[PDB]
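Of the protein chains in this complex, all but one are displayed in their positions.
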């Protein structure tokens, strides 16, 4: 459809929001490349998607992996029209219990990996290509034990504002999708190792959304598709928040 | 392509500019569109240019009786509203120390008060799962000389959506805001002055302020509204979507 | 004595935040004028404040009252260094029950009166004068049945951004203090006429503040005093939020 004839790269495409986004973009006719660290999930994701979705085992935090990943895109497709820097995660640590590892792990995948994924992608991206970063409402709010994650997500949104000007000559527009609480494996894992612990954590998080439910991952993916499509032609540097109103109220 | 087919949309101020293009894009997606304007002549041209089962009503959003008349027509003609775009609005310039009571009253009556009662009057028609789009501006979040009244009215519109999220939770109607940057429109051109050379230097100057360096086509604003009108925005509530070429984002 | 010799006007100085702000400004050496609609409360306020505080009975919504008040300042003090457009209020109406009177009254006092207080004040204000607008966190947040008040307070804050450029030649800086929930007569009145209803509503509102208490008006007054002093020389068009962290999280 609108994305037909377009080449899309979704980092962290093997599960959750990155998975649903790869599905939606491909359903619009785009050629999608997805990345994951675990070979088994990547193979299941490629098989579940079908529709000419290409899988590459890559770690966004490893600079050499990014070089290899973009080489496969250059060798096969030869261009990148859509980039969704989805690969990221959250971990909880209250102030007074923040380890250097906890800080470094969050920033390397949530922020550093975003910077160098984007910088490496650029030679492939033509004029009028679209870049989508994954933010969070936690980037604009405060939650106990979430300061490090929240700071990383705020850093992500901040990158898009300056990159508007850095990429103005090349004609690529960069925007941010900031999801609210989305039903994923990653969100469930915060609730615990136990199944009641993940079930009760998802239920409390749902109770925080004003419409009263968690998002299905497809609901975030529609937002990425919109930014990937030509309809977003006048959107640049913007944050689109789909949170059921949680951070809007 | 029939994305909004079977849905009923109302665009206040549908006869020109952003409202016109939005009515077009909604109709191109299969929606039944109702448009309003103050001038019957432009309204007739707009309805004729759109075709596609677009119904026109001449009404002023600032007149409470017109709003009652307009929604009575929707109730008999279609019997429901699924999409509402409170586009009718305008900007005027007056610096602090030159602000007239006229200038304040007109700006807030159309830009804010009419938005409240357009929305309030439309609620009985709107079913669960309906989408409301208010027309903001980046000027609601920025400062420009001689624009304090317009910018303040636009900030008020965005604020209304945050509380209306909670007010409309039981009915299931979601409220969002599109904040345009500089979009080429008769409205925007007329801000430059009333002479023809004067409007072009204003349109070119406004383009020079945009980071991508061009004014928006009205259709590019309309695509954001259609997205908000469609079910793809199902998890968006109370949010502001800014399409400004990055002007207010930097 | 940061305000020694400075002339300050607090509209709606007879109760709550405006009263404590007048008390605080005078305690720093300012010459303070306060206004109120009710003659009895105004006289009581002037007597309690002492410290050379002058009261004028005037309504911010009546243009002729606005002319008469500023004529007294020109005749008496001869200039105006600090302006606090405090006179304001909140009323409740959900969508579907908003009357035209509820809208008009809210916007006339909270927005229109702010505009014309400022514009009429300008001829008395010298270069380096300070203008403080009274915002609210409700201007940036969502609360049920508060849409009209919330929009008026957002309008107030936006006025400041443009007034930076309008007043740059005159040399006046405009800033906003946005209070969170502050224990005042006006706020208690939202709780009801009964004392038990005021006790439950204020305690509930206190539970929403992350620090867990309502502000005393003196805590808001300090923010105004800071903005009025020369310490705010590089602050212009900004919003200073004293909410105990409520809208910050």
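We just call them A, B and C in the order they show up, numbering each chain from 1.
By definition in this document, contacts are C-beta pairs under 8 Å (C-beta built on N, C-alpha and C of every residue); 3 or more make two chains touch, one makes a residue touch a chain.
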Margin query: So one chain is hidden, and I want to know which residue out of A:25, A:83 or A:164 touches that hidden chain in the complete assembly.
Written below: A:164
Check: Of A:20, A:73 or A:154, which sits in contact with the chain we cannot see?
Finding: A:154
Item checked: Sites on chain C contacted by the missing partner chain, in the whole complex -> 160-162, 164-165, 168, 173, 180, 210-212, 215, 219-220, 222-223, 225-226, 231-238, 240-245, 248-249
Next item on the list: Could I get the residues of chain A that touch the absent chain, sorted low to high?
Entry: 63, 94-96, 98, 100, 103-104, 107, 111-112, 115-116, 118-119, 122, 139-148, 150-167, 237
Checklist line | In chain B, positions touching the absent partner | finding: 142-144, 246, 249-250
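The rule is simple: only the chains that are shown with their structure count from here on.
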Next item on the list: Could you classify the connectivity of these chains, where an edge means two chains touch, as line, ring, star, complete or other?
Entry: complete
Notebook entry, point to check: Which whole number of Å gives the spacing of the CA centres of chain A and chain B?
Noted result: 31
Item checked: Centroid spacing, where centroids are CA-atom means, of chain A and chain C in whole angstrom -> 43
Check: Taking each residue of chain A in turn, which ones touch at least two of the other chains?
Finding: 245, 248-249
